[PDB]
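A single chain comes next, written as structure tokens; it is the form deposited without this ligand.
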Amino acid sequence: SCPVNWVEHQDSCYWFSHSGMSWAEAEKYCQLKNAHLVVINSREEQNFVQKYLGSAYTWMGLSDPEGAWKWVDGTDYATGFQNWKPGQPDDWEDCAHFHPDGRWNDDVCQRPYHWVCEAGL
């Protein structure tokens, strides 16, 4: 089972913020909750996470520190699930966020966007 205010799907617990923070501060917040910024491993996981998104741009655990996209937990990016908006990312420090429709885009990591934490059960 998951902590109160988190939602369960398969082997993960998810928490959706109601306020915004820079990408790195969001990652620190999730780490302190024994979690990480969400890593989208599959279409099924994408579909679950996206229905809880609000209208705010929302960080995921994907960033481009040295001209290579990397998931925060070391999940392989190039062979992994991707759900970019068409033509995106077009400017690749850069961090990935969800649009309200669940598709991904990039912006600078300082923006105070909402975020999602993901933890084990």
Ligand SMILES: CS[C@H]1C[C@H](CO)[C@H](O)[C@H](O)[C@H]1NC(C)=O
Given for the second form:
2 protein chains.
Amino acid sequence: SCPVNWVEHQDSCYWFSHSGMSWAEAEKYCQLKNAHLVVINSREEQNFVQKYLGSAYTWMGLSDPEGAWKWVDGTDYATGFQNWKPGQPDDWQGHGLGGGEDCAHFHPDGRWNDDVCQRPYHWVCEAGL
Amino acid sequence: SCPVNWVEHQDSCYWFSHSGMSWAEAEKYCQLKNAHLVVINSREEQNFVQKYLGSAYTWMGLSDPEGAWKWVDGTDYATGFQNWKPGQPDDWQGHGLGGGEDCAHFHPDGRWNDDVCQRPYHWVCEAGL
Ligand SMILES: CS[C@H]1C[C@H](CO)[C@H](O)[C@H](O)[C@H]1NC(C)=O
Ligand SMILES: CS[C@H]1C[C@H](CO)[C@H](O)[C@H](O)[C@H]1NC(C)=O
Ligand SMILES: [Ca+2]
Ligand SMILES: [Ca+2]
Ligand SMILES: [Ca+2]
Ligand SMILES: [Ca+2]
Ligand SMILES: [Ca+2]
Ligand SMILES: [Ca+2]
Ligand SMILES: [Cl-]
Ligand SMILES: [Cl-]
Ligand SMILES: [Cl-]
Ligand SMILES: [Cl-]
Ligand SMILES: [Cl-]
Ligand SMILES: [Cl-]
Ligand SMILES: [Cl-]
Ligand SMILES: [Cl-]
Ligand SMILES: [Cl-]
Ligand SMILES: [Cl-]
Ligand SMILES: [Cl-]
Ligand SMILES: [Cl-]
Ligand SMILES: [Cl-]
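What would the structure be for the form solved in complex with this ligand, given that what you showed me was the form deposited without this ligand?
Below: every chain and molecule of the assembly, starting with the one above.
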């Protein structure tokens, strides 16, 4: 069903990176593979992804550069699954890198934070069977 | 002599960022201003730059992607000024982001480290009068 190096779970294929990239380079990489940064639709999909995280900050397909949180495939954010860290999202500016925080990632426990999109983090691609 | 927002010191003009960018985006930015990432030629230039650092990791124009350390303007590395942190450079791979470390930055004390080029750090441009 899934191509080599991809993992099958509940009608999606997943590819976990062994490397780090900015959020934009990660989304380009996934697009070139006819896939998207992982969209988390359910508690079950969250549990599956968080147990195979490579013990590092990992990008997912969730961003708010134009003010409102959006999933890359158009899944609705407000009525969808959410799993933020206490205090997140916060659009923090105190990194002093310019702007706030517009890209979401997993912590190792699977809770979400908003961070600076330019940061090189691991990523997960998702595609259909 | 120097354009507005630039600082004059000993026949160069310097521009210090209030923001962060990958090493490649920083070098592009400096190139667009008809300048280069700062090359450190002397102890005196090191002292001037380190006392105006914005209390954060800051890119300089020094990289070794093709195996040997090079300054962006062709200043010779081996016979030039060096100011590495104890243990640096180390081309560390234990970040698990892929590859080693191919781009040099200042610590706040002005000592140099090699790090992952994709990291968003502050930068300094240098040009002639
Ligand atoms: C100290 S970094 C941590 C908390 C920040 C606010 O104090 C901010 O939200 C940032 O996004 C957070 N970074 C991580 C990796 O969670
Ligand atoms: C813990 S990060 C620090 C030491 C590393 C080797 O243990 C490596 O050289 C890395 O480049 C260093 N990072 C900084 C910011 O100096
Ligand atoms: Ca999904
Ligand atoms: Ca934001
Ligand atoms: Ca945050
Ligand atoms: Ca110089
Ligand atoms: Ca290197
Ligand atoms: Ca290093
Ligand atoms: Cl990889
Ligand atoms: Cl929103
Ligand atoms: Cl939540
Ligand atoms: Cl803030
Ligand atoms: Cl955690
Ligand atoms: Cl951002
Ligand atoms: Cl700036
Ligand atoms: Cl060398
Ligand atoms: Cl040295
Ligand atoms: Cl190593
Ligand atoms: Cl320091
Ligand atoms: Cl690198
Ligand atoms: Cl970073």
